[PDB]
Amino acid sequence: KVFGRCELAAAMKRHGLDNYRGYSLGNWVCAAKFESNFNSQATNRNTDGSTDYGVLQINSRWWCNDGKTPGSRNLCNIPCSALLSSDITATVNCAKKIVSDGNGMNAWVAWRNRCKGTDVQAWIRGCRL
């Protein structure tokens, strides 16, 4: 499923991401845009044998189990396939854990390269929230 920009923002707000750990909603929407372009089915193979899944491209080495990543620890305790859902609940719950893992939102390379330090409020422009 490919969400509309404001469609995802609203869904994220409903799930408590606005200002979570002091990160405004714009940051999360900007991260999803650059990580997956709002496509819940997005997957990326990593030259290292791990894979990134979903709208927030969560990694199989530590966060979810995909049954093909040597030395995986499943910290979010879910199958990675649950991250390819049109329901972002699993993605959000896992994201909250990742963002509190000690590197802030730097955990998302796309957010760091394209969102960090910019005017992130542009990302929820036109949205009724």
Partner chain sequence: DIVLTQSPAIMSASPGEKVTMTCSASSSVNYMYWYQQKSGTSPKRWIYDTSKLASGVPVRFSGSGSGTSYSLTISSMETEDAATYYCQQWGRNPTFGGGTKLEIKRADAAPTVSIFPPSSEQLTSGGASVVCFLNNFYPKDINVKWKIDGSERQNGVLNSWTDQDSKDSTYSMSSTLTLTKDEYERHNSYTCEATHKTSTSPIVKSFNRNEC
Contents of the next structure:
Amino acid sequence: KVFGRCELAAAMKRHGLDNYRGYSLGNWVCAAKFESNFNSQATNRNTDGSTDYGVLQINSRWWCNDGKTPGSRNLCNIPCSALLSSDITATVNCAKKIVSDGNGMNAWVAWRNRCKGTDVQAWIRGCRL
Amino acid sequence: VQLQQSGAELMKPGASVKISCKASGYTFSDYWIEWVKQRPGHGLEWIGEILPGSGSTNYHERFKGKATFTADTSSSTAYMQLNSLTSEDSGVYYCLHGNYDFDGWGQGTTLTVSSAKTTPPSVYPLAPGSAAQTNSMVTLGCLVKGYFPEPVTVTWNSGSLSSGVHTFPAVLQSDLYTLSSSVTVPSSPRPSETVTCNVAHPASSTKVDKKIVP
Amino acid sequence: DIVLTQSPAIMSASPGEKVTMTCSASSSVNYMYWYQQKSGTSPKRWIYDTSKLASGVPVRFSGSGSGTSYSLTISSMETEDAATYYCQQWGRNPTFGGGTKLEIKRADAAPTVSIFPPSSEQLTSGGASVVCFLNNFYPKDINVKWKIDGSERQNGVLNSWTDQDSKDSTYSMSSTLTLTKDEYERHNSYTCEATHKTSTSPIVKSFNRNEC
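Moving on from the form deposited without the partner chain, kindly provide the form deposited with the partner chain bound as a structure.
Everything in the complex follows now, all chains and molecules, and the chain you saw is the first one.
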């Protein structure tokens, strides 16, 4: 399901992502635009037997388990299909432990490439939340 | 309770077609089903895949737009759709698993894209006449000519004559195939005991049994 | 993405002997996968994740390599190891390699050639096919030439080989000359001459009466 800006930003506000470590809702919604275009069921394959899952394109190597990736560490202890739900809870929860691993939101290639060092607060400018 | 697919297709160029894969027995919702294409002579090409539960699909660069996947959770079926079929889409499409719990493929669906017409075959007995002994072994076959599409099932002596048979693969010539099948018995059955070749071309409900007369 | 080239394309081995297939990637790859396909069945996953054998690969196969070069090695070649083996980089967008054919070796057999004149029945359609079976031969290679009335040739010939038998390991070829019925009765001798390693001189089989 392709979410829509403020609908997603309202549910992420709700899920405590606001100012989680030092990242305001501008960043969380920004990543979800440039990682997936807000499509909950978005998948993308990588160069090493791994897929990225959901809104926030969590990699099946380190973070979730899909049972066909090698080097699977599954650090969020979750099936990656749990990450393809139209309700952001398991995605928010694993996002917390990704942003906690001492790297901040750098783990997200598109956040790093399209949302870092810009006016990320733009992403909810005009939004109810 | 198998990874079962649909029968062979014959389709006009320009139309679309849909292959099922009644993937049954586990929690369907939970595992990716891939799809591969085999063009004989060139081999395998990976089409793409779909995770039944979420409707998530990944496609190879080449098949995005030519292929679409769907899955119906209640019959535990997954389907692939080929858009705008051409001649170069004739092949065998396989659905498969490739995870750490199972990796079974399905058996394949052949697909012929042709404007050609179902031609029933002609079956011509091949008998030697001038038996100039190679040895005391007579070989006699059946030429099955002019059918469309594949396959045919030639059989010798209604099944019994298994040893010493040789059906050669069909060759396509003028938008039609030709086949030959040999049988070899010692030169003491033929002509004394009779050899029949039973051809069946299912696609045009023909059964034929030619007997090999000298 | 990456192009996978396999070497060699056809290969042979006797039972008891050691086999190594090679697959080369145009780019570095993280893991390689091997699939085996016997004629008449869908391929089967054989080695996954570069070295791990799939459930049902006998212990006699093992595969290796990294980046650019991988390989499948069989230590004792058993008869049932004859198939095509294919490699796949199962990456962002997976590609398969060309394959490598494994045939089992045996002694150079000579083919049993046989020609059949056009049947009465096909002559009443208006065509004439002269059929020649060259059965049971090893090695696979065999050149087959046609001589309508003395020396000649023909362009509308249709050949077809069989796979290596299995209740032996032989090859068998069918060669067909299709003639139109009056190009047929405008001649006399039809000859099928085969050239195989097993003989210095061609095996020929001829007939003559299209006429009387």
